[PDB]
Amino acid sequence: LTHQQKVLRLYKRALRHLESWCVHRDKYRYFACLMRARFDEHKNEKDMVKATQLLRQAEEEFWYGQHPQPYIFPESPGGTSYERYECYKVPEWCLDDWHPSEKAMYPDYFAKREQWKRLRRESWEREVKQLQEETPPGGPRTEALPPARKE
Amino acid sequence: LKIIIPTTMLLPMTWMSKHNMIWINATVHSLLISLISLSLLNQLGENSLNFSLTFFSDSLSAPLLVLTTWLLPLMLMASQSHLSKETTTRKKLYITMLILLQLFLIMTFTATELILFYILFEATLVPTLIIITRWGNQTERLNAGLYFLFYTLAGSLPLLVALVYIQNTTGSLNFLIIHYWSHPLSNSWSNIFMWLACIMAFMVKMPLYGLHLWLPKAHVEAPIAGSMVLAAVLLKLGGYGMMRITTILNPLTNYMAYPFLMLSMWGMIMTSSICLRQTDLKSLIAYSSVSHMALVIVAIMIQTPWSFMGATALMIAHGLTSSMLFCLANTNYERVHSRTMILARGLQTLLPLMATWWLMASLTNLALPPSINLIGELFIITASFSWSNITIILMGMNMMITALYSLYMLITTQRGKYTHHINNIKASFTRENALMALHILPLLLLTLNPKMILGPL
Amino acid sequence: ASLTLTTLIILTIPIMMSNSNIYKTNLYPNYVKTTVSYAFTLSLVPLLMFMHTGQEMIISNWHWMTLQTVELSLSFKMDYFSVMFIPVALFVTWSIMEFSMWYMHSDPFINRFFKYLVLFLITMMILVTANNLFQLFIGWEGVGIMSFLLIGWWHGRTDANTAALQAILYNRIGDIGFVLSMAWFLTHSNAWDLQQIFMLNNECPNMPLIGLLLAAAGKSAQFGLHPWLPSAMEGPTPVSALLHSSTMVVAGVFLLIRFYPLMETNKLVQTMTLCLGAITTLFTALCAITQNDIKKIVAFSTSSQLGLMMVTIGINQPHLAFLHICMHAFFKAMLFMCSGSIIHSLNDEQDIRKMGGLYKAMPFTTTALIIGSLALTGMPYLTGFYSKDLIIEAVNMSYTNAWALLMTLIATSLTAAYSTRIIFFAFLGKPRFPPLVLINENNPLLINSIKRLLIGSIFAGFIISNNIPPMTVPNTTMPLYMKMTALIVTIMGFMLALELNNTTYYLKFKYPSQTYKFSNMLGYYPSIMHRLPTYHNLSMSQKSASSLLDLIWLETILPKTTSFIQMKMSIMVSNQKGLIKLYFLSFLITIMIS
Amino acid sequence: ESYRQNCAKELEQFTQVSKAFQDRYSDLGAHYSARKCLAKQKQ
Amino acid sequence: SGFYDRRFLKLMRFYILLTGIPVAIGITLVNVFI
Amino acid sequence: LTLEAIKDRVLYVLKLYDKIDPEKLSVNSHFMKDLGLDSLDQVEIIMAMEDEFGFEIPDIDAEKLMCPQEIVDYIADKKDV
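Residue numbers (PDB author numbering), protein chains in the order written: chain Ak, 10 to 160; chain h, 2 to 458; chain j, 5 to 598; chain Aj, 119 to 161; chain Ai, 60 to 93; chain t, 74 to 154.
Just so you know, these hints were derived from the structure itself, not from any lab.
Errors might be hidden in some of the hints.
[To be verified] Once the Cα atoms are required to be at most 30 Å apart in a straight line, the calculated BS3-like pairs of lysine-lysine come out as:
#: 1; chain 1: h; residue 1: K418; chain 2: Ak; residue 2: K112
#: 2; chain 1: h; residue 1: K452; chain 2: Aj; residue 2: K154
#: 3; chain 1: Ak; residue 1: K126; chain 2: h; residue 2: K427
Hey, can you work out the whole structure from these sequences and the hints?
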């Protein structure tokens, strides 16, 4: 992690809890503008060693005011429905099991599907060689760019 | 003697059966002989039923006998896909272990001489040993064999000498007359060692909390056909015998019950607590089994008639439900070879009907009305409560934890996300559903007519 | 006789139809709503034969298992309670049917959902009707497990599962007490039947009543056992409306209602019942003042109502205590369903703070929620009045502990409080839900549902208070402020809560006081009673029991012992060597000894 | 709603009956047997 | 795939009822007459 | 929902932000090298923009953001349109 993104996430965070308090769009707008006004009016530019101390201040000042429970959108890990639908998301390979009396009933979809599976089984060695190629001994980074096919 | 001959007769039939048809032979005829076993159930409301000089059929034995006859086909249905690549002679050798085993059971339930009952009681030990040791998976099974073995013998052997002693200090060793000629033995010190000598073997074979260590380590290892018997039956037979020999003893039981009532009343809550945090399912079930057997053993020792009624009922119900959970776990173990419960994850998502069986099975494990499990348990809580008003505070905690872990095994190995890469699962065979439907249906019909399962008292 | 048993048994048939292909059809559920409809139509009749002539009945068609002395048998007593209660359940549940057809209309497995509905209701019928105590236990526990199946409906997210497990856990803790009592009546009274037990127990029962009380605390979510109920809102709304509003949780006190005379035998029972029911009203209502979910607020409300009626039992007035339920169901089902309309309308956003101000956007739901809130509030001739006023008044004029009465007062204030909170944020403000507005009140079945419950919600108080025989024998004298108090406390509620709420509207950021953090952390209670004992146990069950107690000592003490001793002995006797002079000389000395 | 009436009448005969039946067949325990009921009656 | 389960139920229901009908009817005929 | 609806609603929110001058706005218009808005306002535009949908933005993905096309692409992925 790095300092800039850090202070930023503190900002989005604090701002959100700040809505959670202010409820009304009005008051929230006002205090929001006041808040960003605080971040700039303070040290929008400074040496680092002071700045980290300013964060250590800010974290406390936030933690005291953080509100017993923020608003959370349902998709988010809090959620009123963080995984309501995980009952349903069946992995594709499972259909590949239906046996012909079922498989006959969707000739089209299955056709297109073997097209895909073919595409993969054909493709795979290339991702092998490429992954083998672009990689050093093996650093922090995940994935690597396409260059001529598949990726 | 009529039910017992054909049970012998399947063996020639097995050996002479065509090499790829044997499963059908053994299955069909085992079912038939089950139905013949069922006619025994009639009993009588007064006198214990009698037969030859050498057999009799107390009401206490009959439901057990029916059960024991009933299990063979089940073990066959479970086994017959677990093994396939095995050579024909070896397979044909294999079912012989099972049937030979139940033959010893049909003999050892109807008794009648307690020395005959003993020698069969201990004779059961061999085939189950062979099965645990040759067809169990992974290394530990070897070691497991030993724990299963000596704990029985170290218990059984003194019982043996004790038996011989009595038929010398009194007339016959036979059960009926000893039920009638019974006379109290009392305090001293010789009589106390007589007491433990006539109890410890039975209290080993149904595990007691201080001694149960072999049992989980048997169930971890045994191929499922060994598991179903080792759980559903042998424990219960140890209980049957202990209910038998209590015709003697008294009044001394009043004075000697206490230590074992402490190991049991505490061991139930304890083992159930351990049960709440297993790494792998196949053990979880086993500790659930001990956690229920403790109830049987106090139910026997408080010796109140309610307690024996509840004893019988709970023995049978726990039989069926435990066997059911075992096969029902082996299915997962075959589909993914995980054994560890954590890997199964979202198994419900990928297939439904098994989730239904998980539901029914666990649901009757926790015992809710009017499962014969429950009603079996409530009586012994009643008599226990009569025996000591405090005792309820212990029983209640059991009924807490047996909820939790039971539901737990459900919600951890089912509800939740599928693991992604585990492609191995393949959509439920007919025999699977057939099998567990075969466990659970009798268990539910049986509630309609308890009066034939409560037993002699 | 044939009538009541039919008004039960027909409910069973659709489940039977569950294996029939019609179940696999989309067509199934409407046969269920129609089924409950006919069930209700049939259900009215016994109540009327019960009316003008007043007869009551018990039947026990078939003994199930004849023990010595005891012979338990299923037995449907059909007293005042059991007859009066059924039409209510059929009514509200029928409305829930019609609601659910729309709430879930997208959802797969919906048919299974209805199957679980009927399967629940039938167990509830098992509980309300049963005479023989054991049958009451099957109704009990079975209702518990249906609660488990429905709470976990969205089984994917873990939180649903924890909620379900939590509910079964606290119910079970109640079940311990239930079993204690259930044994004790058999050991002593030798019974398991209300005839037997009512007959033989003129003497004071010092203890069974308290364990039975704990069981009553189980379902009813008293203070020691409240949290599962708030967490039970996590299941999909029509479920929580179904039974956490009414049909389930009220049964927990219904049990205690059934056994009034024995309570009357003791003083300490009425005592402690009051002692706790009051404080649970208060302690719940406080958390109810300050939440943000619609449904959590409504949940704390329903539990608070339960505490109130619980002192209504504890004040030794069982009849009104039952009377309050019958009113309560309509109110709460109203609230959860209108709330369901809001939530479905907006793509499901429970949180009020970004709930819009939509007083005009959904006017009919508005009306509904208004009459509902007024009913729960206890307005003078509206349905909630005929319970609440008679209740708290009777508490006033009764001899009793006063501090609890005080608690009833603050509680009935807070009723008005949160009830105004939800109105305020739900409607009044300029709207603040995210832009696009998919809002669509329209879909006729929903309309019809809310309509019927409004109808009951306004007439039933008067009609039922009129028709019932005067078991109450009224207290109507001194003084005048006696009757006024129920109103003025409400008025204080609206004035304080509303002026406060408007003061929230005036800029000026502040930071929370400790009381806010307290009452909005649900009393801290879940966050301490869950993160603590469970830790000490799950640790203990490994730090000790699983490990050193039974994997490392219990095995050391007798396998590893002997197994070691034979190592030593066996290496000692078979000493490998074999030099002659050794053992040969040993032959010598063994002869000298011999 | 009355009782404490004719029910007191039955309650009495039940009191006598259950009394004596309690007496004849109490702490016999499991494996109740006539020899034991005798052994109690002499007591 | 839901085929295997529904097949299982078709079978099981078919047999339990296969023997189921003659028995139930036999019990009824025995009820009305003898 | 459709891709045009996404790009349209997104710009329709970017237009209302004061610091952007609406004529200069373009789907491909860059966010720092073009327009001086800086991150402290970037956080505002992103949270305010997700808020329109009720959709939630994970932080590490919030770090990229920049080009509005990259945004419409992002919601296109998460909603799977």
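Would the hint linking h/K452 and Aj/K154 be met if the CA-CA limit is 30 Å?
holds (26 Å)
Take a quick look at whether Ak/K126 and h/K427 sit within 30 Å of each other, Cα to Cα.
holds (19 Å)
For the pair supplied as a hint, h/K418 and Ak/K112, confirm whether the alpha-carbon distance does not exceed 30 Å.
holds (26 Å)
Going down the numbered hints, you'll see the structure goes against none, and every one checks out.
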